[PDB]
Every structure is written in structure tokens, then in C-alpha cells.
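*Asks:* One letter stands for each residue in the lines below.
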Amino acid sequence: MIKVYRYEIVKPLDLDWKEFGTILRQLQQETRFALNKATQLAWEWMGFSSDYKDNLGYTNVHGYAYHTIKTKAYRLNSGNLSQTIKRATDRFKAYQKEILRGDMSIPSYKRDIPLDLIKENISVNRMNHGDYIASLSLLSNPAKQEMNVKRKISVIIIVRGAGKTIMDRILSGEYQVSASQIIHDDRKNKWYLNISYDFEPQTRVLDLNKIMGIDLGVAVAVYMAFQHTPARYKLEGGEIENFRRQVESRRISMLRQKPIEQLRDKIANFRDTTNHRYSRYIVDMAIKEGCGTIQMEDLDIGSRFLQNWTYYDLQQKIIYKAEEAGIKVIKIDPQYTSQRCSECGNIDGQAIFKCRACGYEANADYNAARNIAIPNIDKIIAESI
Amino acid sequence: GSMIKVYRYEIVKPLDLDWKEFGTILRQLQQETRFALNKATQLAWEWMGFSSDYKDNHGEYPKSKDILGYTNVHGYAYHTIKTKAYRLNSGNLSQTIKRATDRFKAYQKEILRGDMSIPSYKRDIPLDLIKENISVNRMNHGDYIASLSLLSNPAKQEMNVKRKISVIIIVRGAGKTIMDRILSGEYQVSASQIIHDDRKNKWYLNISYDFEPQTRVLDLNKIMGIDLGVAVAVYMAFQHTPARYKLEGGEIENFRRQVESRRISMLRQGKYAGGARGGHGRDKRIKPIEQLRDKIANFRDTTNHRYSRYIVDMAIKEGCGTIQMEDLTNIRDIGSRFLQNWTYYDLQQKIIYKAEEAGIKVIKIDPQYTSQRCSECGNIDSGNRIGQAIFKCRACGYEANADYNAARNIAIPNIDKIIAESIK
DNA sequence: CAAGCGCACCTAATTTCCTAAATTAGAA
DNA sequence: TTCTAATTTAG
RNA sequence: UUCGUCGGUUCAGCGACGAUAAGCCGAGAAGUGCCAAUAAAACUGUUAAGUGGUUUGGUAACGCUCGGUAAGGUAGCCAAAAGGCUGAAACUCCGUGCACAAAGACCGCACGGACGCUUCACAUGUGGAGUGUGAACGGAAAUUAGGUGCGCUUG
Ligand SMILES: [Mg+2]
Ligand SMILES: [Mg+2]
Ligand SMILES: [Mg+2]
Ligand SMILES: [Mg+2]
Ligand SMILES: [Mg+2]
Ligand SMILES: [Mg+2]
Ligand SMILES: [Mg+2]
Ligand SMILES: [Zn+2]
Ligand SMILES: [Zn+2]
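Read top to bottom, the protein sequences are chains X and U.
Under the numbering used here, the first residue of the first sequence is numbered 1, with each subsequent residue one higher.
Under the numbering used here, the first residue of the second sequence is numbered 1001, with each subsequent residue one higher.
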């Protein structure tokens, strides 16, 4: 429902960077003071204070802390200060049992404390020129008069890539702006705006035009890829190789000095057990992405990572579990699913695939999985020749 | 003029109690130790806040002799914690509280400034001990009995132990010589600890002793340089002899790569695993990685020991009395060393303390263009960076390994000032 | 794969520390 | 009555 | 000719052993989440209204909490019963003592020899020393910085 995205700050719109930085550092100092004093006031409120300290008219911890710290930290806006106090007292109340028991000393806050912003204090807008603008109301009433900074401090953010969709939804009206924060990173020496967007998620429904292509990789066991989304899932069969080495060496040892009958049962049972966990995971990734259909090669060894696995059992179990979950399964002929590119489509080292006609580079197993994920790949492969 | 070292001693069995009762005693005392540490830190932080408020209001700082009733926070913390921690012995509790209050006092400004958070102490805190509460006696039949004083008087009545809790420890190897020297009188025991090793489920007695190192006669005008080279892990060179000693890393990063690969592989298997790995908690879901808990660290600890002892022994063999090395602080030094993710700080610390034992002074110098300076001439030119592998001095026709030249330049006394005068 | 949030688990780098004198109390 | 472990705090 | 347990500590070998251990199971409710009821601090606005989301009890999916699970070898008799005697078993061999009846706890220690073996020395040998599989043996806590894994969200 509530998730956050980061937007780097380019420049203040109406103020030089020096005044903006001075204001931000002063407000960071006030925020850290508010957090520490609120933690100490919460300590006093709960009754943890020692005997000598005592040798309140409010209702909750937050009210008393906010009213006490309101005087000294007058530069911060009332809403931002209240959010900071709530953060402090909520961190104290969660760790309350540990502090009393003695499993934790005291909550502490760093020097580069992010500043807070309530929903009704951060406003974002676009421009005809395309420059994305955000408006922040940080200072209180006396602070604006003291610093001669009127209106709200307009800023310019970087809105590109996967962040443009979120911002477009925010400005369109679908998403809403929740409580946000200003974040400073010392290393990169840049500021950020943690705009938290509020939205109603939609329950995914299986669509037959969403495919989860599947291939047996040479580096991993199975690589799952989709063409509608760049999400990727892989089954790294490390335990399979560990068990293979264990069984081979045990058979070598027991050869020297009925005995191996137990080994034959253990190998067969482990394959069935492994084929159940793999099938459950494979289908459960089609459900999460809503892939209404699954495309997998139908089944020599072919130098797959599972050197001598029982592929037919895995395919049958995948088919059965997909039928249970309302997922159709297709069997695509794997002629050149690995050699063909996933973007250019030119059908021209082992681990990393290359597209000499386009320069695209990715994992070879992922490339083959994506090629399989393309609908009706058999026909376009035939026509490609 | 006195060093301090430690040695471990595995505890076999409780001499008079059973292993179950002894384990319960140890767990309860661990809980008391952790509680005391956290409470001492809490009281220190509260007193800091009260002092600041008092200075702001009344105009002057409050003297602890009036408000607290004790001179320092250690005394007040002992007077407070001892009621709820009546199972630890008085000396051990006082030592623990002093450790906590000394850690808070050392970094008080950083705590107020915000660079350092308030210290918090973990679950498996080692038990503390002092020299007055540890005594070791050896029987005629080759057994070492450690009479530990771990409990308080109220705890003695409740736990039904009317004397010092005694344990039997294995004292072999160099541990045998250390214990014999302690009993004879050469080594004086200091505050010690009890630690638990989860991998082997073994308790250890961590005796820390004080001793006078054997300081020989070594002139200060014989200097050995050390460079964490690009090809060889550590290259050693001298100015008076053309002697070169190398420590090429036959096995350095392979161990870390293997352990990290295995850990990542088994961690990613939590999504598709058996039915008994999910549904029982975080510790059980991450159970398979407990085999790789300390393989990377322990391998490097032994590897850094082997390198350091070899380095120190070479200094004695050539008769040196000074070891100059690099100042890697803030990663200002060369970013391309043969070791990739090694713990250079641990290697440097080991070299420092072993040299101090061997009566050798270690001096750190700031490196600037050290791999490019010509030892024979002194011309600071950057044109000899041939992959940081072969050094060819054009101005002198000198060809040699870059690591040897770097170590030789570090071996020149006051190399930092010489460089600063040469180019700045 | 990329970018955020939450949680915890691993490495390294850096620092401080590794009391003790005096008094009391219980057992011989 | 002597004495050796605990116990308390100064610095 | 893979992982792991024991053989004093770390790394490596060796001897025995165990492994589907990247496996199996149990209890419970501090958290994430789900179900139900209730709606505090604070802010803007006269007030009305809005933003904000607080407290309590349930269920039991969880990288939810607490946990349990395999791994070296060892000698019997006497008395009715307590106890007594003999002295087996782990990283070279022998002798003499001390200590050991079931062990999470015992398989060890000291002295004298042999046999290897690491240093040194004096003339391939000879003699001192350490040495018993090889190397090593200054750790603990905390903070800081980075990385990783899992879950969620967007592309
Ligand atoms: Mg997605
Ligand atoms: Mg014994
Ligand atoms: Mg055992
Ligand atoms: Mg070992
Ligand atoms: Mg025997
Ligand atoms: Mg001998
Ligand atoms: Mg050994
Ligand atoms: Zn292409
Ligand atoms: Zn030159």
C-alpha cells in the first residue's frame, strides 16, 4: 500500500545552494536534538529514571515530548517536528521491554538524520519544459521571517527511468503522496527526496498472454524468464551437485572392501524429492507473475547442468501442478533457443551470450529462457532459417 | 615496559558439580553480565543528560560527589546493578561495570556529536574475571585444576556451592609452557575471561598475563622495509644488503571465494527446500550456513600469523632494529595489491606486536609515489608504471621488480620527508 | 536485471582494555 | 584472635 | 579421491566414524501479515470539516520466538548388600612409577632409553639443544563502513 522511491535533488529553484545547505544542516541539527530529547523524555515518562533525578499534565508521551521540545526547536515546522517526535517515541515503545530487561542500552540517532515531511507539506508538479518540481514546507512561522525565505522552498528532482512511472501516477491523481523524507548521503555528497507513494494494489489475474518461458541451463538448473517483465528467476542446483559428489565418492569407497542397494534407493528418492520442490517453486513463480501459460522444451543429455536427471518426471510434475493452478503448458521444440538473440532476433563464451548483430549481452541461460518465452517461438525460428 | 598476551584453555569438566548445573550457572552469569553492561551504559547516558540539563539551568556542572553520592558513575552503577545482579561475584561485576562506564566515557563526545551510537551489548557476552579470583594448581598426576571464583555469597547458598568452583583444563602445547611460567612466577595473571565456542560447544578459560619481553641489542640504523606489493603479498628489502624475501600469496582469496559462493548458494536454496526448513524461525531457516561461520576469519587469522612471524624472524636474521611500513589509513595507499579483500590491518597489527616482543621498533610512513621513485637515483617519475610489475629507471638504466624497489624506498629512513622535499 | 523500504547476517577498519587499596565478614 | 575471600569505592 | 564429528586452540594431513544433514520434528505467541472492535497525540482550518492513524482481543502463513535431532575407542571378578581388586581404550616404539569400573566427565602425566626429524656447531661424520604429524599461537567488546540473503513495490 505504501512504498517509497528516491529522487536526487538537482538545485533549489529560487535560492542559491549555500543557503539551502545551511538551512538543511540547521534543520538536521534541530531534528537530531528533537529525537534525542524525545527519547530522554520517553525514558522519564515510563518511570525508568533513577531515584536521584526526582530528588505531568499531558496524556501520552508524544504530547509531552512535542510540547517540551517545541520551544527550542522552533525552526522546524510543527508537522515535521511532530513526525520526528512520533518516530522517537515509537522506537522507544517498541524496544521498551528490552530496555527494562537489560537487552539493549538506549536508542541512538546518527548525525545525518533525515528530515521529516507530512503529506500536506510536500507537493510535486511538472512544467511545460518538462522539469520536475517539488515544493517543501520545512520552516515554521518565525523561521521564515528570520531567514527572509518566503513561500515554500521549491526544488528540482531527477525523474527518469523506472521513477518516471511513479511520478506520473502521483501527478495524474492515481497515487497519493504520503509522509516523505529528505535524505543526505555523505559519500556521493547529494541529497534525495524519499517520496512515499500510497496506492491500492490490484490482485493479479492469470492472463493467457503472459508466459513464463523455461529452459534447462548449462550453468544453473532452470532459468525462468518473462518477456512482458524483466523479472528473472533461477534454480541454482548447488545441493544437486553436492549430493552427486557425495554419492559418487561413497560408491567409489564402498566398491573396495545389498551394500549399494541402499544407495540406489537413496538416489531415486532424492530425485523425486528434488523434483517436487523444483516443480512447486516453478509453478509458484508463474502464479506470482500471473503467467497463464508456460513454455518449456519437451524431452541425448545436451550438456545440461542436471547431467543425468530424470527430466520426464520433472516435466510431468510441472504439467500436473500447472493443471491444478489453471495454467496451460506448451512444449516448444528447442532447435536454437540458446543461439538466437532475444532482442535483435539474429540467429548467429558458453556462460555469457553475445549478439554480434546488436551487441546485447546477458547470461546465456537467461537469453535462452527469454527466447523460449516469446510466443510461438517455433514458427519464427523456422521462418528465421 | 610490559606487554600483555592471552591463551585459551579448554575446560573439560566441573570438578565437583555436574555439567548441567555448571551450564545453568554459566548461562545465568552470562545474562547477569549482559544486563550489567547494558544497565551501566544506560546509567552513564542518563547521567550525561542530567549533567547537561543541570549545567544549562543552574549555570554550573553538578559534582557527582553530591548528586549521585559516589565519585564516579562506576560506583553508582555498582550500587544500582548489584541488587538485580546478585549472582555475579563482586569483583567480576565491578570489572564489567567499569568496562561499560569506561567505554562510554572514552567516546562521550562522539556520542553527543552523533558519530557513534550508544554502545549496546550482545547476548553471548563473555564472563569477566580478575587476577584475585583465579588460581591454578597442578596435581601430582598431571592435572591442572583452575579454582574460579564466579559466584556471590547469596548465590553460593542458593546454588549449594560452599567453596570456589573448580574446573579441569587441558594444558598442552605452548599452553603448558605458559602455565608453568605463570606458576613459577615469571608471568603475572591479569583480568581474564570465560568464552564459549558455539561451533565446538566448548568453554575456554582466557587467561591474560603480563611479562617482560627479552630486549636484545639491535641498532636503530638497520632498517627493513615492507610493501604490500602488487604481485607478491609482502616484499621485504634492505638498504645495506641486497637480500630479498617474498611472501607470494599461494592461497589468499580462494578460501573467501569458496566460502562466499557456498554461503550464497545455500542461502538461495531456502526458497525451494524441504518442509522442515521453513516455519521454524530465522535461525532454523539459515541453519546450513552455520558451518561457514568462522572459516574465512580463522583462515586469515592463521595466515596473518604465519606471515607476521616470518617477517619478524627475517628482521632478526639480518640484524635489523627498525621495520618501516606503509600508512594505509583511509585507504590512501595503493589500491592495487595482490591481496584483494585481505585484512591488512590485522597483518600490520600482528607485525607491530611481534616486533615489539622481539625488541624491534615499527615506524609508519606516508607513501607517495613510492612504487615510482627510483631507489638508486631519487627521480620521482611516473613513467615506470609498467603494469606495476617491472620497474625500469630510464635516468639510470636500472631494471628490477617493482615490489623490491617499493620495499627499498620504504626502507630509506625519513622517506616521507625526502619525497616531500623532492617534489613539494 | 535496475532502484527504493523492512529485517538480519557477514567482512574489514579503528579504539580501548586487560584496577586496586581498604574494609568487612564468616570460618578456623 | 587470625586470617582469607568477598565487598565497596577512589582515582 | 564431497561435506561433517572426535583426536588441547586456528589452518593442513592422518586414523576411526556418520551423512538424502542444503534432511526431519515439537511447543508457543514478543513481531510482519490476515480477521474483528475501538479512534489518541499533532496540523490546517473560526466553529463545522478535513489530514493524520491510536488502543484491545483473535487466527497461526512467516528470514515469527524458543528449541530437539548422526557421527573415534574402552577390561571383568569377588560380597547377600556396601565396597574391594585388575588396569582397557586417541597422532612412533619400550621400561618404571603416579591416576583412573563407564564416562559430556576415562583413553593421561613425569622420568629414563631407542627410532626418526629441525636447528645450530667441530671436521661426508661427529656433538649439543629443542622435537614426537607440519606451520602457528594477543585476544575480548564496541562502534563505524561496505556487502550479502530474504520479503514487498515500481519498471
Ligand atoms: Mg514484479
Ligand atoms: Mg585427568
Ligand atoms: Mg566425545
Ligand atoms: Mg582439525
Ligand atoms: Mg593404560
Ligand atoms: Mg623422552
Ligand atoms: Mg598439533
Ligand atoms: Zn540481438
Ligand atoms: Zn634512477
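The set of hints was computed from the structure by calculation and includes no laboratory data.
The reader is advised that the hints may include incorrect statements.
Taking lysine to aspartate or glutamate and the EDC-like style, the derived pairs with C-alpha atoms no more than 16 Å apart in a straight line are [claimed, not checked]:
no.	chain 1	residue 1	chain 2	residue 2
1	X	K144	X	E19
2	U	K1105	U	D1115
3	U	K1287	X	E239
4	X	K37	U	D1056
5	X	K110	U	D1053
6	U	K1122	X	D284
7	U	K1271	X	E239
8	X	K110	U	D1115
9	X	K53	U	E1212
10	U	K1271	X	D284
*Asks:* Can the restraint linking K1287 of chain U and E239 of chain X be considered satisfied, given a maximum Cα separation of 16 Å?
*Replies:* With a Cα-Cα distance of about 15 Å, the restraint between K1287 of chain U and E239 of chain X holds, given a limit of 16 Å.
*Asks:* Does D1056 of chain U lie within 16 Å of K37 of chain X when you go C-alpha to C-alpha?
*Replies:* The hint holds at about 14 Å.
*Asks:* Holds or violated: are the alpha carbons of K110 of chain X and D1053 of chain U at most 16 Å from each other?
*Replies:* Roughly 21 Å separates the two Cα atoms, so the pair is violated.
*Asks:* Check the hint pairing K144 of chain X with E19 of chain X against an upper bound of 16 Å on the C-alpha distance.
*Replies:* holds (13 Å)
*Asks:* For the pair supplied as a hint, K1105 of chain U and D1115 of chain U, is the alpha-carbon distance within the 16 Å limit?
*Replies:* holds (15 Å)
*Asks:* Tell me if the straight-line CA distance from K53 of chain X to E1212 of chain U falls inside 16 Å.
*Replies:* Violated - the C-alpha atoms of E1212 of chain U and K53 of chain X are around 48 Å apart, more than 16 Å.
*Asks:* Would you check the hint for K110 of chain X and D1115 of chain U, treating anything up to 16 Å between C-alpha atoms as holding?
*Replies:* holds (6 Å)
*Asks:* Holds or violated: are the alpha carbons of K1122 of chain U and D284 of chain X at most 16 Å from each other?
*Replies:* violated (39 Å)
*Asks:* For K1271 of chain U and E239 of chain X, compute the direct alpha-carbon distance and say whether it is at most 16 Å.
*Replies:* holds (13 Å)
*Asks:* Take the C-alpha atoms of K1271 of chain U and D284 of chain X, compute the straight-line distance between them, and say whether it is at most 16 Å.
*Replies:* Given pair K1271 of chain U, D284 of chain X holds - Cα atoms ~11 Å apart, limit 16 Å.
Violated hints, listed in ascending order, are 5, 6, 9; each of the other numbered hints is respected by the structure.
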